[PDB]
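K.L.:
Here are the chains, one letter per residue:
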Amino acid sequence: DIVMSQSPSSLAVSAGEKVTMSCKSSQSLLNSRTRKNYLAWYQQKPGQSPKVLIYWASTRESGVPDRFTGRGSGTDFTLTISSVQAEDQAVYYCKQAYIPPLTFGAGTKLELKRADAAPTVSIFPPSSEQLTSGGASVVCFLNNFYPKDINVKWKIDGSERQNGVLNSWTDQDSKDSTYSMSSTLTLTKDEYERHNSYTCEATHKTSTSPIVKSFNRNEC
Amino acid sequence: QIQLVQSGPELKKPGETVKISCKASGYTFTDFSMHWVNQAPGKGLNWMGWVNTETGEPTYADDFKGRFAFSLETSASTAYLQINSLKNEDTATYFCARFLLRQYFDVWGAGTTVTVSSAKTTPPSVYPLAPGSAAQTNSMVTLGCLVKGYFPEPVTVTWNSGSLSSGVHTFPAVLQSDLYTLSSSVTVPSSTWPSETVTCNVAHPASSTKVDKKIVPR
Amino acid sequence: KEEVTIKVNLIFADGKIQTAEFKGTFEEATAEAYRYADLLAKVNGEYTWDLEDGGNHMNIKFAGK
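Protein chains in written order, with PDB author numbering: chain A, 1 to 27, 27A to 27F, 28 to 214; chain B, 1 to 52, 52A, 53 to 82, 82A to 82C, 83 to 100, 100A, 101 to 213; chain E, 818 to 882.
Take these hints with a grain of salt, some might be off.
A few chain A residues that don't get close to chain B, going by computed Cβ distances all over 10 angstroms [unchecked claim]:
id	residue
1	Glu55
2	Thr72
3	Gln83
4	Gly152
5	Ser153
6	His198
7	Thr200
8	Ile205
Beta-carbon label-pair distances, calculated as ranges [said to hold, decoys possible]:
id	chain 1	residue 1	chain 2	residue 2	range
9	A	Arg108	E	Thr822	21 to 27 angstroms
10	B	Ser128	A	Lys142	30 to 36 angstroms
11	A	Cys214	B	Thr151	26 to 32 angstroms
12	A	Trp163	E	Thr822	14 to 20 angstroms
13	A	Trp163	B	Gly26	35 to 41 angstroms
14	B	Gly26	E	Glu845	22 to 28 angstroms
15	B	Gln3	E	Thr842	40 to 46 angstroms
16	B	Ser76	E	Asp831	54 to 60 angstroms
17	A	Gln156	E	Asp855	45 to 51 angstroms
18	A	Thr74	B	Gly26	28 to 34 angstroms
19	B	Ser203	A	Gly68	52 to 58 angstroms
The calculated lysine-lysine pairs, modelled on BS3-like cross-linking and capped at a C-alpha distance of 25 angstroms, are [what the hints assert, rightly or not]:
id	chain 1	residue 1	chain 2	residue 2
20	A	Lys18	E	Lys833
21	B	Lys23	A	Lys39
22	A	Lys24	B	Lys43
23	A	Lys103	E	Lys818
24	A	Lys103	E	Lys824
25	B	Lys143	A	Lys183
26	A	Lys142	E	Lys818
27	E	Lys824	A	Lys18
28	E	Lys818	A	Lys24
29	A	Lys147	B	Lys143
30	E	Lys818	A	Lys39
31	E	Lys859	E	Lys833
32	B	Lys208	A	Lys183
33	A	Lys142	E	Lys833
34	E	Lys859	A	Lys45
35	E	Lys833	A	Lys199
36	A	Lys103	B	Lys43
37	E	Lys818	A	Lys45
38	E	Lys833	B	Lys64
39	E	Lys878	A	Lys107
40	B	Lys64	B	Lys12
What the hints contain is simulated information worked out from the structure, not anything from laboratory work.
Using N, Cα and C, we set each Cβ at its ideal position, and we do this for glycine too.
My request is simple: use the sequences and hints to build the entire structure.
P.N.:
As structure tokens, then:
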């Protein structure tokens, strides 16, 4: 089979800047008869189906912005994008269709960098209908923080541990290019009311000192 | 008005067979072939093969030679895909796509998502999340909803029925104890919260659950 | 995809910075890294580099023009 290699496997760039992706085929895709390389690039955003950007290695399909380009012949191709913008947040695939089986590259993930940002955290105690049922989830939100890595832990203070502290992450924001996670602290009620203060600890590039957000066993 | 419409997400248990459809619209189904492409959670795209729409002949890619068939129904201008005796690893999204002469796919289905698992269908429970007004007041407020203990995949989430869009962050479910957890996040000026009303909408086709939740101040 | 991952900082002339990761065996990866640099070379010119963390990170500096 024709084996498709893509590089790099991920890339992070800033807005306005030129991004270049490469695709190499294990053998040529030049079609003798046609005079056309049977090479196509697709983009695919979180949640969606893929959509073509380029076909015949260098033909741009109607409605894709001219900032998208490709080139190459044989076995070396590239995809260039002249101004990356948050909307260009996605995975890009090349696909050959020279001789079957049709095969894809394992895809280049394109992510934007931008100016650092502090998260915006927010604590939430559990909630009646839930209390009522037996559990006690507690929840925190670190939405809109730039560098993607981040950690987290739970403390009823001198207590700081976990079990059932499940967190989640989202893909890079299409608007503002940042990142966010939810943190979701499972206990039980009989226990939640037996313990203390209840805090949130938010470690990021943007602070020596953590961001701490702790709550009302005073309103609650 | 030019499209492939694909059947809803499937939940199967190991051993079962599944059969997914893809319905053309807005084009002469006969003029082109249909192919198929899947993709496991978090991975890249794998070509499964194609079927000739003007003779029914299905060429399969060696990875899916076996338990996969490709049929048709031209007269309903539909393609289908059958997978025999499921297995875990068949967990994936499957795609339908129209192939053009110029050697690219033009029109993709949305994909039907196959979930291969023994876990039992369950509904969420929803819980609101509100600002307690125990230590701070900011200009802007972060309401949340939280969607707990359910199976299988999907649950949709909306804020004000769709109207609140612009500062949400709904989270990928996170499997655990054969159960999933989501949650959602919203940010409205406070100049609007009290005030305007903010409710979130959750749905779980599998459990036929629809549920609205207003988020009521503290 | 990840069998090893080679992180690279791309560092061009006027100090813009991009950053890239590589897929695969320590050796096909290290090579797609260099082959990627070369491709960029073509416009951004010649480079140098210094390897850190067991060669499992790499900074590649382009000379501009």
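K.L.:
Hints first: check each against the structure and report whether it holds.
P.N.:
Outcome of the hint check:
no.: 1; hint: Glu55; result: violated, 7 angstroms
no.: 2; hint: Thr72; result: holds, 17 angstroms
no.: 3; hint: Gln83; result: holds, 15 angstroms
no.: 4; hint: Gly152; result: holds, 20 angstroms
no.: 5; hint: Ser153; result: holds, 19 angstroms
no.: 6; hint: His198; result: holds, 17 angstroms
no.: 7; hint: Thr200; result: holds, 18 angstroms
no.: 8; hint: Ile205; result: holds, 12 angstroms
no.: 9; hint: A:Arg108 / E:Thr822: 21 to 27 angstroms; result: holds, 23 angstroms
no.: 10; hint: B:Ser128 / A:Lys142: 30 to 36 angstroms; result: holds, 31 angstroms
no.: 11; hint: A:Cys214 / B:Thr151: 26 to 32 angstroms; result: holds, 30 angstroms
no.: 12; hint: A:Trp163 / E:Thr822: 14 to 20 angstroms; result: holds, 18 angstroms
no.: 13; hint: A:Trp163 / B:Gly26: 35 to 41 angstroms; result: holds, 38 angstroms
no.: 14; hint: B:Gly26 / E:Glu845: 22 to 28 angstroms; result: violated, 44 angstroms
no.: 15; hint: B:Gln3 / E:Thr842: 40 to 46 angstroms; result: holds, 42 angstroms
no.: 16; hint: B:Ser76 / E:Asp831: 54 to 60 angstroms; result: holds, 56 angstroms
no.: 17; hint: A:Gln156 / E:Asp855: 45 to 51 angstroms; result: holds, 46 angstroms
no.: 18; hint: A:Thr74 / B:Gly26: 28 to 34 angstroms; result: holds, 33 angstroms
no.: 19; hint: B:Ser203 / A:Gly68: 52 to 58 angstroms; result: holds, 55 angstroms
no.: 20; hint: A:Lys18 / E:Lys833; result: holds, 11 angstroms
no.: 21; hint: B:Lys23 / A:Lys39; result: holds, 23 angstroms
no.: 22; hint: A:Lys24 / B:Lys43; result: holds, 20 angstroms
no.: 23; hint: A:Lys103 / E:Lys818; result: holds, 11 angstroms
no.: 24; hint: A:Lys103 / E:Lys824; result: holds, 14 angstroms
no.: 25; hint: B:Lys143 / A:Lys183; result: holds, 16 angstroms
no.: 26; hint: A:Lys142 / E:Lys818; result: holds, 20 angstroms
no.: 27; hint: E:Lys824 / A:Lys18; result: holds, 19 angstroms
no.: 28; hint: E:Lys818 / A:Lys24; result: holds, 17 angstroms
no.: 29; hint: A:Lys147 / B:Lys143; result: holds, 20 angstroms
no.: 30; hint: E:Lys818 / A:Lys39; result: holds, 18 angstroms
no.: 31; hint: E:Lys859 / E:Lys833; result: holds, 17 angstroms
no.: 32; hint: B:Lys208 / A:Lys183; result: holds, 22 angstroms
no.: 33; hint: A:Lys142 / E:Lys833; result: holds, 20 angstroms
no.: 34; hint: E:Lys859 / A:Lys45; result: violated, 30 angstroms
no.: 35; hint: E:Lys833 / A:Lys199; result: holds, 20 angstroms
no.: 36; hint: A:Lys103 / B:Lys43; result: holds, 11 angstroms
no.: 37; hint: E:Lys818 / A:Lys45; result: holds, 22 angstroms
no.: 38; hint: E:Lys833 / B:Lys64; result: violated, 49 angstroms
no.: 39; hint: E:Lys878 / A:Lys107; result: holds, 19 angstroms
no.: 40; hint: B:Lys64 / B:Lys12; result: holds, 21 angstroms
In summary, the structure is inconsistent with hints 1, 14, 34, 38 from the numbered list given earlier, while agreeing with the others.
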